[PDB]
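A selection of the complex's chains, in situ.
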Amino acid sequence: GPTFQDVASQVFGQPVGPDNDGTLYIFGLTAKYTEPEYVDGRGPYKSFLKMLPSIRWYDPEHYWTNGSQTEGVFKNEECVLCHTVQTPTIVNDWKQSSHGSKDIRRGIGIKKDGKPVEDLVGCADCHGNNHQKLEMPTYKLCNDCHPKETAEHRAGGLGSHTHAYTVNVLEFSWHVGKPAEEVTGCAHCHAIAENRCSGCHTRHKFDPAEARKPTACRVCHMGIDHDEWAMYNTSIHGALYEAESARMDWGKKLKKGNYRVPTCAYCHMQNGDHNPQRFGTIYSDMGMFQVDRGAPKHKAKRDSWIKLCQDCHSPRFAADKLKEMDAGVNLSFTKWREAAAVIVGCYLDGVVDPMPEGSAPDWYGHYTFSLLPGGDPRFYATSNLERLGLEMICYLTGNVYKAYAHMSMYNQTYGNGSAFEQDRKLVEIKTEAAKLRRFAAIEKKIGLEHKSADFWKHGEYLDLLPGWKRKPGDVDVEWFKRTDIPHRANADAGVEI
Amino acid sequence: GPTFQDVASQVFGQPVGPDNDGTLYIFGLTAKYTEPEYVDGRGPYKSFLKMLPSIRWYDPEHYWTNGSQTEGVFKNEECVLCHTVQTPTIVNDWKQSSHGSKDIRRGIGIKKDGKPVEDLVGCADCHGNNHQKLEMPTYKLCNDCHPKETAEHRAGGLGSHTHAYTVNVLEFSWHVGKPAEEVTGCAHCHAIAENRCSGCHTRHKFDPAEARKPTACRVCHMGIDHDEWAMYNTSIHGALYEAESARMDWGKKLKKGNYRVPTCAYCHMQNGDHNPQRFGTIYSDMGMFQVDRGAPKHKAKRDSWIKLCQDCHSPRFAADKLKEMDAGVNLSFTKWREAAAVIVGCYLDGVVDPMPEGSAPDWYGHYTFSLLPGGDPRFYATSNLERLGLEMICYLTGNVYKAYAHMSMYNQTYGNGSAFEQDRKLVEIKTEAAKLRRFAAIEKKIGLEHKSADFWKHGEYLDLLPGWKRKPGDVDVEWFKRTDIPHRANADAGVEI
């Protein structure tokens, strides 16, 4: 047959053409997908992983090249004079930073190669002197003068800023399983957290006072799968932050007695610690793994949290609130286990439409049920039942923990990522399960041989997925053998981990 | 058969265990639900209602006990010196309050037992002197020195702060029908509103200027069933609040001419009135009950609102806006009545899956259709059709009123709790109704005897519901006989009301 584009073209009277030629396609009906220019992605799936070339800014050690048209070797004060015209805000930021202004320096005692840094730290000191060999830095630059903050930034485990990109982008199913341009933001968000020092105190002011605000975290720590910004913002702490932000002193260091209202940085970067993951009781895959943080074996962590709350509360009150979290989280997993039983039950009875063999292969190249061991739990290229299952465990159950951890009365109960949203999801899942069972029971009785539709398996998007290209020997298992970084438990890792 | 936990345990290789032992359960699959320690709940369902012990902070008259390890009888200045170390922000707050600072006092003329309060009001004056008999106060303390504000705080009817917990937690189906730990936030949110004086001007600063901001209300007045924060925030008033908050004078009293931008407190706590419910035309169960507030019988209320708007507008303009609300609300109920007709029609024809007898009993212990008289309208432990019905009347139709009342052009039409969301919900409900009817018509013709799945009735969560435990003589009807408080019209009340 002819393409969907060809039919639509003859109906709307617009010719079929490539999507990238500048034509304004009516509802994008007659445009054909073209493959963007890619560069090869890194990690264990490097044989087929792709990035857009703009990865140069975020993993510059491996991708950065000269792309400037301006030639010359310059001195710091020449960088400033020309960029005052060419990129004025970069200079205005830098002039308002300690790097570019001695007047706002605090005599911290910054050293490079054992010697005190008493001059201005200018454009050339961070980027180089030669305009045809300009450098785009990572934390490795900052380490030259700020080793303490850098060592802590690099001290986290899996699930922290430290391995956000190197492990949790390059090894992650939802990233490696999709066309590169669909998930550019994933690479960049996670890479900004890992490879940069500007995620909280932005360039070029590098102002710690900015870093202390919730705005230093919420661009990443938000949304459907980890809604801690909204949980915080809908707690009484969050409301007080909004009430007091304009007039409170953000210049004070994060320490006991310096703040009325706690922020993300206050509780998680306690006393300026740049390894914010370490105060957490235990890594729980964003609350998808169940754990009672109030159990005897986690007493030192619970006591540490109680003492943190004791900056501004009774410890009895804090201990009660954290016990409410434990109880609320444990109740929330009963609804997930119900949902799981219903979903896997449909699979075992063979009533799921489509069954795994009726869909496009998963990112491993397998036709495996997503909510079984070895499968890829997901929201795309799968059945409605499986999608609703992923949404139950990831979007809702994990966020119930976040709602309790951040004292959002509403989002624990009624709101986004709450108990009542779990209820409603559970009804959806049972509804989908009942539909599937009634169709199968009818089709059996009348002897109708049901075959799942082709649109579950093929389509313009589904045909782009890398699951189709997967073959034996396409995994770089040496990557997974590495012990200097942790790893995800991928089904095709091929080694221990 | 063996449990879901037992199967999952043998598949993932993690042993089955209690949820509360500290083990990190893989997707919470092999964890068993344990019942948290409870204390008995109050109200008409006290025979089985439970609370977590942390209810001590929110209903302290009935639950507060000594839990301190520090001994001694102290004087105010000793409270301050030690707490300066132990809970520094409480002291910093108190020092910045009128209670703890004579310099910021306004000479209001506060009296206790007829005599002027000219000293500092310290920790011991509110909490007691003996550290083993410390008191956790309610409005009953505040009444000693602030009788006007307390009398107004206690002057509201059902649906106000005055009875938020005593009636609308202890008598409410969605609270009494669920395990206590699932709805801790409900008890606390509603109890903070009723029993405390810190919901708007927080402890320990007790700053009225903080209370005047929308942040004093939005932690409670938000979300899917009452989205007035979002309605306000997406009106031009809300945008102007965000624009002017940082530089406007919040120190001015709530009165005509003192503010450009109106806030929740400005319109609802008119002239500092602590009974904000009373300016409302009529209680309407969060807009779930239809009423034309522009009808001749509500003229005094409509005129009062028009005059409130006239602080900053033409009364003709205000009268027009409030007429738009009346018209928009009346249009919105046509979609609800359509939806109701479709839903109850499915019930009358017996095509709802599950039918009420196929689900777990409701919180009364009955197998009754949720959208009939005597039933419990809900979003959980019920059919998809009934869930979608509850969402239509409560989440959407009630919020259309809120969108119009707060001048949110977008949320009246496109947005959350809008006309267009009602449309989309109505399509969902008709869709569910059509599916149910087509399955029933097929099953009838081929003689398939459909029985609703067991997962509608039993499951790890569904088995915890109190509907199973309900028996004759388990209601404290003496509670419902009380005339000093209003009551909800519960089906098992047993008395008049």
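Each chain carries a letter (A and B) given by its place in the written order, and its residues are counted from 1.
Going forward, a contact is a pair of C-beta atoms (placed from the backbone, for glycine too) under 8 Å apart; a residue touches a chain by one contact, two chains touch by 3 or more.
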Problem - Entire complex copy count, 2 subunits given - result: 3
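The rule is short, and it goes like this: only the chains that are shown with their structure count from here on.
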Completion exercise
Chain centres from averaged Cα atoms put chain A and chain B apart, in whole Å, by 32
Problem - Footprint of chain A on chain B - complex, ascending - result: 4-5, 11-12, 19-29, 31, 33-34, 36, 52-54, 56-57, 67-68, 86-90, 92-93, 178-179, 181-186, 188-189, 202, 205, 210, 213, 215-216, 218-220, 222-225, 245-247, 353-354, 379-384, 387, 391, 435, 439, 442-443, 446, 448, 450, 452-453, 455-456, 459-462, 464
Practice task
Going by the contact rule at the top, pick out the chain A residues touching chain B in the complex.
Solution key: 234-236, 238-240, 242-244, 246-247, 256-257, 259-260, 282, 284, 288-292, 294-298, 310-314, 316-317, 320-321, 323-324, 326-328, 330-331, 333-338, 340-342, 345, 373, 393, 397, 408-410, 412-415, 419-420, 423-424, 426-428, 430-431, 433-435, 437-438, 441-442, 445-446
